[PDB]
Amino acid sequence: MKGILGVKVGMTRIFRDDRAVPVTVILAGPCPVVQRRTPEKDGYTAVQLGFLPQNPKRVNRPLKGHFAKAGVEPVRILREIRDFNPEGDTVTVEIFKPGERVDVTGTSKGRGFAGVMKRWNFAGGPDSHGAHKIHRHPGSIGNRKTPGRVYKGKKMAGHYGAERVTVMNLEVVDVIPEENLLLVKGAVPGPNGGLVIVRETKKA
Amino acid sequence: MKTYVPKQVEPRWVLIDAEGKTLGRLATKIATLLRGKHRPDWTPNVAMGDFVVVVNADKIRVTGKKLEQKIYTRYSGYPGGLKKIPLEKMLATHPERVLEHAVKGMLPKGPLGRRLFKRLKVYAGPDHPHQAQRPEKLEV
Amino acid sequence: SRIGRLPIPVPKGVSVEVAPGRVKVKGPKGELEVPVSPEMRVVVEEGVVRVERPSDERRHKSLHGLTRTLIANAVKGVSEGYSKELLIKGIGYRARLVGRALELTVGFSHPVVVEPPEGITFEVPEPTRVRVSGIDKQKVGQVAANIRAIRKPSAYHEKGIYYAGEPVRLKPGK
Amino acid sequence: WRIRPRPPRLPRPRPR
Amino acid sequence: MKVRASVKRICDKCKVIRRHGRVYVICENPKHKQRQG
RNA sequence: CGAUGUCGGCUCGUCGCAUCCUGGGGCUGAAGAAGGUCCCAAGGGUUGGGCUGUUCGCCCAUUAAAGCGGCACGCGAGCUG
RNA sequence: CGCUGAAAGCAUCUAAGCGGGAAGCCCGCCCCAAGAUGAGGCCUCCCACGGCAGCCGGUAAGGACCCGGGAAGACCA
Ligand SMILES: [Mg+2]
Ligand SMILES: [Mg+2]
Ligand SMILES: [Mg+2]
Ligand SMILES: [Mg+2]
Ligand SMILES: [Mg+2]
Ligand SMILES: [Mg+2]
Ligand SMILES: [Mg+2]
Ligand SMILES: [Mg+2]
Ligand SMILES: [Mg+2]
Ligand SMILES: [Mg+2]
Ligand SMILES: [Mg+2]
Ligand SMILES: [Mg+2]
Ligand SMILES: [Mg+2]
Ligand SMILES: [Mg+2]
Ligand SMILES: [Mg+2]
Ligand SMILES: [Mg+2]
Ligand SMILES: [Mg+2]
Ligand SMILES: [Mg+2]
Ligand SMILES: [Mg+2]
Ligand SMILES: [Mg+2]
Ligand SMILES: [Mg+2]
Ligand SMILES: [Mg+2]
Ligand SMILES: [Mg+2]
Ligand SMILES: [Mg+2]
Ligand SMILES: [Mg+2]
Ligand SMILES: [Mg+2]
Ligand SMILES: [Mg+2]
Ligand SMILES: [Mg+2]
Ligand SMILES: [Mg+2]
Ligand SMILES: [Mg+2]
Ligand SMILES: [Mg+2]
Ligand SMILES: [Mg+2]
Ligand SMILES: [Mg+2]
Ligand SMILES: [Mg+2]
Ligand SMILES: [Mg+2]
Ligand SMILES: [Mg+2]
Ligand SMILES: [Mg+2]
Ligand SMILES: [Mg+2]
Ligand SMILES: [Mg+2]
Ligand SMILES: [Mg+2]
Ligand SMILES: [Mg+2]
Ligand SMILES: [Mg+2]
Ligand SMILES: [Mg+2]
Ligand SMILES: [Mg+2]
Ligand SMILES: [Mg+2]
Ligand SMILES: [Mg+2]
Ligand SMILES: [Mg+2]
Ligand SMILES: [Mg+2]
Ligand SMILES: [Mg+2]
Ligand SMILES: [Mg+2]
Ligand SMILES: [Mg+2]
Ligand SMILES: [Mg+2]
Ligand SMILES: [Mg+2]
Ligand SMILES: [Mg+2]
Ligand SMILES: [Mg+2]
Ligand SMILES: [Mg+2]
Ligand SMILES: [Mg+2]
Ligand SMILES: [Mg+2]
Ligand SMILES: [Mg+2]
Ligand SMILES: [Mg+2]
Ligand SMILES: [Mg+2]
Ligand SMILES: [Mg+2]
Ligand SMILES: [Mg+2]
Ligand SMILES: [Mg+2]
Ligand SMILES: [Mg+2]
Ligand SMILES: [Mg+2]
Ligand SMILES: [Mg+2]
Ligand SMILES: [Mg+2]
Ligand SMILES: [Mg+2]
Ligand SMILES: [Mg+2]
Ligand SMILES: [Mg+2]
Ligand SMILES: [Mg+2]
Ligand SMILES: [Mg+2]
Ligand SMILES: [Mg+2]
Ligand SMILES: [Mg+2]
Ligand SMILES: [Mg+2]
Ligand SMILES: [Mg+2]
Ligand SMILES: [Mg+2]
Ligand SMILES: [Mg+2]
Ligand SMILES: [Zn+2]
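Each protein sequence line maps, in turn, to chains L, X, Y, U and P.
Position 200 of the first sequence, counted from 1, bears residue number 208 in our numbering, the numbering being contiguous throughout.
Position 42 of the second sequence, counted from 1, bears residue number 44 in our numbering, the numbering being contiguous throughout.
Position 142 of the third sequence, counted from 1, bears residue number 350 in our numbering, the numbering being contiguous throughout.
Position 5 of the fourth sequence, counted from 1, bears residue number 1448 in our numbering, the numbering being contiguous throughout.
Position 25 of the fifth sequence, counted from 1, bears residue number 26 in our numbering, the numbering being contiguous throughout.
It should be emphasised that the hints constitute simulated quantities derived from the structure, not laboratory data.
A few of these clues could be false.
[Said to hold, decoys possible] Below are the EDC-like pairs computed for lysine to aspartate or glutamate, each with C-alpha atoms no more than 20 Å apart in a straight line: (1) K232/Y with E247/Y; (2) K23/X with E70/X; (3) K379/Y with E29/P; (4) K360/Y with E29/P; (5) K68/X with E102/X; (6) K139/X with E12/X.
Between the sequences and the hints, there should be enough to build the whole structure, so can you do that?
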């Protein structure tokens, strides 16, 4: 179960066998192994990774001493891939090759305080026939005296997006090792320049 | 004269090998021990009892077909969040909770009550980490 | 009119030593073990093994014949063995042996391969007679039921996999 | 479903 | 299988048994097969 | 009765199962296909129209199916009227 | 629906035991989560500061205020 840290860069389409395949491009590589989680000391099995070189100025003291014990220069992000122990001490895009199949995890685009129609695909009220100031309003939220209360988890308006989202079974279309590029046919969570994670798929 | 109430006493650590004992009958004596009613100077409003260390709570035993028919339950607060898991499945995954749940419902409700629950330390398996207090082993 | 008392003929050389709740039975064709109720008593006589019951209430009466016929079948297993035959009926139907496995061609679209567990060994004389052999009576009896189940004897035609000596009862069709 | 139609117990509220 | 609160023997080959705490009527004639409920 | 706003619709659902469909079964006057009927099962699904305020009902065209009920005949400090 | 099997010399899926068997239950998938007060774990950083399990200060590593902002956002974060 292999993973890699990366940044979403932007979408395009290419042509493969006279078919148009819309891809998103992810600057994945390279990710230096900064720490290894072993059952003896930690309990599970995982690898702490690193992304984006950082100003050794910007990196504070306790962080600095951490990076150093591993031999890594300061890097902007630490994230762990679970159940992963690569042979080397640095991960590149070349742990995927075209035809594979990935799960991609990012932070979705935040829609802030979203209405009930945007957030929950509700249908609001009529826009004529006497409908009165309720065109985007949810409707009834409960019953009457029995139960006399509102179900926990009731779909109401509130913040939507800027949450973790994982998309599954995405075809690895091509890998550009030199420029550390990973191609993936489909839609990846989040904005361009957003941090993402690319693991091997859970599906089969 | 007024009834004697005691100054804060040093509590006693106590060990039980819960193996092969009946669930509710051991559960009832662990409650008495936690409440410290075995003590001549019992005072109702303070934790004065014992610390009860238990091992092999997984090897507890129970009569009837209760293994397949004793159903513990949890309510999440959400629609449909009543979950029902029988005894055997509990022992398979979280066996200390069986005896733990039993002692609990035989303890009082209120502050002191659930503070007495904290003075119980149930362990599955043959061993316990509490060698430091050196708990006196009781055959109950 | 009672089986718990009828003593168990033990041929030579069968080794029927006794343990608390176990009765080990080593024979010429292998060994088996018998879980015996701890309330019953197994006894070893000269070439005979006998079982006594501790009381005459229902459960001790029920356990009795059982923990006899159980120890019985284990003596007849390790010595002369247990078999069970399966006849196959149906025009296209046939079964063959692929090394130590059994491949049935019983009119599906695939063919079905059965894997004989530890103890069971398959054997196919004709292309329409399968034989299950093993020292365990219950285990032989499972495998045979297992295999037969794949294509149970139909109702309307003489098609399916049949138990040895299975009555061929059918029902009219039109 | 109540087969026999049920008459209102209250008037439609009017200003008093 | 017929399910009913009146399990009865139907023919002379019908047999009444109790398996898994329930009354049955097994028989070679498959119609005669019964359970109580 | 010093007020517990009352049909139907919209919206949001949630539960029961005496199950419409989907799943698993026994019996069949079950050849196959397809039905009948009883048992298990509430996980999910259960369309769009014409008429009438209508719930209901008929009808059109589909459907895997076009389930029945509880929630103050759920839901007027949410809307309609 | 069975295997083996007595009570009950036969039979019996069961009384001892072992199978097979649902979109259903438990895992498994995605998401939240140690306020899980039972408050967990690991990696790294500071470290014995001055005075009459407490107080008063100056500091350490750090943090915060303030500012430029941001597919983050009502304010807060
Ligand atoms: Mg763009
Ligand atoms: Mg190409
Ligand atoms: Mg992320
Ligand atoms: Mg965002
Ligand atoms: Mg926004
Ligand atoms: Mg949106
Ligand atoms: Mg939406
Ligand atoms: Mg929409
Ligand atoms: Mg709408
Ligand atoms: Mg609209
Ligand atoms: Mg609409
Ligand atoms: Mg108006
Ligand atoms: Mg308006
Ligand atoms: Mg309004
Ligand atoms: Mg509303
Ligand atoms: Mg209430
Ligand atoms: Mg937010
Ligand atoms: Mg999501
Ligand atoms: Mg695909
Ligand atoms: Mg006390
Ligand atoms: Mg006490
Ligand atoms: Mg009370
Ligand atoms: Mg007024
Ligand atoms: Mg039936
Ligand atoms: Mg009748
Ligand atoms: Mg019979
Ligand atoms: Mg009134
Ligand atoms: Mg009033
Ligand atoms: Mg009033
Ligand atoms: Mg009022
Ligand atoms: Mg009405
Ligand atoms: Mg039912
Ligand atoms: Mg079906
Ligand atoms: Mg059905
Ligand atoms: Mg016909
Ligand atoms: Mg048919
Ligand atoms: Mg049927
Ligand atoms: Mg359902
Ligand atoms: Mg319609
Ligand atoms: Mg018209
Ligand atoms: Mg209409
Ligand atoms: Mg109408
Ligand atoms: Mg009508
Ligand atoms: Mg159909
Ligand atoms: Mg139809
Ligand atoms: Mg209803
Ligand atoms: Mg409803
Ligand atoms: Mg009512
Ligand atoms: Mg009402
Ligand atoms: Mg109403
Ligand atoms: Mg309301
Ligand atoms: Mg209303
Ligand atoms: Mg109103
Ligand atoms: Mg209304
Ligand atoms: Mg109201
Ligand atoms: Mg009101
Ligand atoms: Mg009007
Ligand atoms: Mg008007
Ligand atoms: Mg039979
Ligand atoms: Mg027999
Ligand atoms: Mg039999
Ligand atoms: Mg049994
Ligand atoms: Mg089983
Ligand atoms: Mg079988
Ligand atoms: Mg199974
Ligand atoms: Mg499926
Ligand atoms: Mg998380
Ligand atoms: Mg914490
Ligand atoms: Mg946490
Ligand atoms: Mg708690
Ligand atoms: Mg506390
Ligand atoms: Mg604590
Ligand atoms: Mg602690
Ligand atoms: Mg912590
Ligand atoms: Mg831990
Ligand atoms: Mg802000
Ligand atoms: Mg701002
Ligand atoms: Mg402000
Ligand atoms: Mg501020
Ligand atoms: Zn009959």
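Results of checking the hints against the structure:
no.: 1; hint: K232/Y with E247/Y; in the structure: holds (17 Å)
no.: 2; hint: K23/X with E70/X; in the structure: holds (19 Å)
no.: 3; hint: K379/Y with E29/P; in the structure: holds (14 Å)
no.: 4; hint: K360/Y with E29/P; in the structure: holds (17 Å)
no.: 5; hint: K68/X with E102/X; in the structure: holds (17 Å)
no.: 6; hint: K139/X with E12/X; in the structure: holds (17 Å)
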